[PDB]
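With one protein chain removed, the remaining protein chains of the complex are shown where they sit.
For reference, chains read A and B in written order, and residue numbers begin at 1 within each chain.
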Amino acid sequence: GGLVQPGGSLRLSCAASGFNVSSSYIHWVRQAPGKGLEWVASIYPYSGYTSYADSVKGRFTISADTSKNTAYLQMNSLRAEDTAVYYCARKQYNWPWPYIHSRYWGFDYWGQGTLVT
Amino acid sequence: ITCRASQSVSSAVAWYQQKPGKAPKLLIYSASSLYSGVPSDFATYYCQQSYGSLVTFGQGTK
Partner (left out) sequence: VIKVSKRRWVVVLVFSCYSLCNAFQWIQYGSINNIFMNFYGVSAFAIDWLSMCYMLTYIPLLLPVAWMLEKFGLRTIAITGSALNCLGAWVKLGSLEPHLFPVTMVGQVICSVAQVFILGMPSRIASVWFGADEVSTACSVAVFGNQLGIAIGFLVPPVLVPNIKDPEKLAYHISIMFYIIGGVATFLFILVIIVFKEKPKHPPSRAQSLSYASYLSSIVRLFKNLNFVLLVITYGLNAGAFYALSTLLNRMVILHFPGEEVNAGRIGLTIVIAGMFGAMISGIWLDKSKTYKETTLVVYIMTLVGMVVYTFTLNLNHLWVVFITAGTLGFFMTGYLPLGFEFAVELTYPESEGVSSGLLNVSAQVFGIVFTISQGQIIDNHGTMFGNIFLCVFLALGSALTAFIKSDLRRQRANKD
């Protein structure tokens, strides 16, 4: 976290411990003052699969070095819309147990947030 | 509270309790599974789907 000038490039770096980051999915959720929680991107850091919200589109890019247990969200083009506390969340892989269990994990290990203005 | 979905999410909805100035807390996963760490005060409660390549929270409820 920290302060950036519009049109800049910030690299948020989330670090985990106690669970290996390649086992799970890692999500980034921003929450601006008075707009509630808003999902940004996710990554399965073993398959490198990443997903992004149509809101960011091109600017943001999520990645992870699954050898130090850290994920990174780098920004490229910023607005006044992109200012908010950025939380790091984990979903654990939802195993395909059709009907018999069918358990849809929800982030259970949220991040303590980091402010970016 | 009532959370409805524009598509089929198929019980991949979770509920989160966010009290002011803090990271949220998971309450119910799978739409019907109480999370052990935070089992059931007053705060903002957000529902959230996980069915789809993009994860979508709710409007927000105080």
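The criterion applied here is as follows: a residue touches a chain if its C-beta (ideal position, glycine included) is under 8 Å from a C-beta of that chain, and two chains touch if they have at least 3 such contacts.
**Student:** Touching the hidden chain in the complete assembly: which of A:39, A:44 or A:87 does that?
**Tutor:** Residue touching the chain left out of view: A:44.
**Student:** Which parts of chain A are in contact with the chain that was left out?
**Tutor:** Contacting residues on chain A, toward the hidden partner: 22-23, 25, 44, 46-49, 51, 93-96, 98.
The definition used in the following text is that only the chains that are shown with their structure count from here on.
**Student:** Touching chain B in the complex: which residues of chain A?
**Tutor:** Residues in contact with chain B: 27, 29, 31, 35-39, 42, 51-54, 87, 91, 94, 102-108, 110-113.
**Student:** If we count contacts the way the header does, which residues on chain B are in touch with chain A in the complex?
**Tutor:** 10-16, 18, 22-26, 28-31, 33, 35, 37, 44, 46, 48, 50-51, 53-57, 59-60
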